[PDB]
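Next up is one chain by itself, shown in structure tokens, the form deposited in one PDB entry.
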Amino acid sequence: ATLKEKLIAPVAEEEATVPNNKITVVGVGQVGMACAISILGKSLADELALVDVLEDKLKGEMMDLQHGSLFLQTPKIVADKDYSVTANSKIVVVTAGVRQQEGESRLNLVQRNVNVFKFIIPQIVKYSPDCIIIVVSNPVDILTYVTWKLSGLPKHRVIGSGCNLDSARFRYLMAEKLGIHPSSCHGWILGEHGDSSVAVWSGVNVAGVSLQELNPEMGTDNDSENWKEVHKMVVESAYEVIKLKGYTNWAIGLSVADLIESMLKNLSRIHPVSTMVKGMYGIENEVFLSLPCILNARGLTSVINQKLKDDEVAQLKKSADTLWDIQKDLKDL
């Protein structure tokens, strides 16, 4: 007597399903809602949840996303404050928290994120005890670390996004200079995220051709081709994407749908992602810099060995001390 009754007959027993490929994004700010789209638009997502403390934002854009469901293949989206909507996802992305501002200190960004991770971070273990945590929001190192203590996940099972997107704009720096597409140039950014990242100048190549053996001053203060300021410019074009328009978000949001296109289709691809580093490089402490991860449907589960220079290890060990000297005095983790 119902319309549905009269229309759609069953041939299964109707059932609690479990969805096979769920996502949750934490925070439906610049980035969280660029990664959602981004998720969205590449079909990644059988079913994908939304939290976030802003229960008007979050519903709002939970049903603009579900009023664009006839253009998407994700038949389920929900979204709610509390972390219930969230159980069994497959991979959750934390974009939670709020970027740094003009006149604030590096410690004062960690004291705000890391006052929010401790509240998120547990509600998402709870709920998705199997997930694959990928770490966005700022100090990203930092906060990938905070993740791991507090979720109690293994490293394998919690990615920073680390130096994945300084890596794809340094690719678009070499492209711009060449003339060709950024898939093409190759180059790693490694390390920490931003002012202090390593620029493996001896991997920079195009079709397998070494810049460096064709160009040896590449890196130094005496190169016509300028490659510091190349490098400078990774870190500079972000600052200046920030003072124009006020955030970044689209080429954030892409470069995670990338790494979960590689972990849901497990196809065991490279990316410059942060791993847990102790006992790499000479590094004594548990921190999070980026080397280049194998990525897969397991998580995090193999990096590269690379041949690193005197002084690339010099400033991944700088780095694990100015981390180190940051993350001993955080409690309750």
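Residue numbers count along the first chain shown, from 1. Rigid core: the largest C-alpha set superposing within 1.5 Å between the two forms. Compared with the form deposited in another entry:
Once you line up the core between these two forms, the CA of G103 is the only one from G103, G208, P216, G152 that shifts by 2 Å or more.
When the rigid core is held fixed, the Cα atom of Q315 travels 2 angstroms or more between these two forms.
Follow the form deposited in one PDB entry with the form deposited in another entry, if you could.
Excluded here are partners and other molecules; the one chain stands alone.
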């Protein structure tokens, strides 16, 4: 009778399909939408759900993505302020809450964003008890800890985007100096995604050539080439971009899509992401900060043990102390 009934003959009985690689993005602001477009561009989701408290903005973002469906391979894009829309997600990316004002530390956002997370996180696990949560909201290390405590998920299923972005920036800036692709320039930023991050100069290399072996002063204040300035540029990068355009989003969206790719393709690639590091490098408390971690379909399955220089371990311990001083006073977790 209907055009659809004239055109389409069933072979199978119409039955509810459960998606196999659903992704939710919580928060459809600058970061959440950069994450969404990068996930859709890399064909990483068979279903994409969006949540926000701004109902009109949310519906607009959902419709704009839906209009691009012809160019994508994501057959279902949905959005609602209600967390029921997020059911059966494999990965939930949390970008909701407040961002830095100009010259504001990420650590100054802690009380506001803890209050946002207190109501969101229990709803995420209610509807997707088997998900991995990727925390992006700042300060990302503290809010990964908070998400672990609120969610009751195992450690391997609560990941902070952490220093995957800082390390991308570091590798870009070193690769630009050397005239090579960042993928061929190896270097790790660890610890806090923020001012106390640690540059592991001792592991920086190109084709397995230690650059600190070529320039032993690399990373010190007594270096005629002032490589230390590259780590200062990594630390200052968010502040500089926020002064120019108000926020950052494109690089973090690609960084989050890189983490999702490793997990949904089950690759066991190593990324510097935020995890619980008690018992590593003499850290005595449940600090979350970035170390090199193996990521696959289970989540964050292992941490790489490193031989660090004394000044590197000292900076990592200082970063841990900086974060623990905030974590220890958090209430009702």
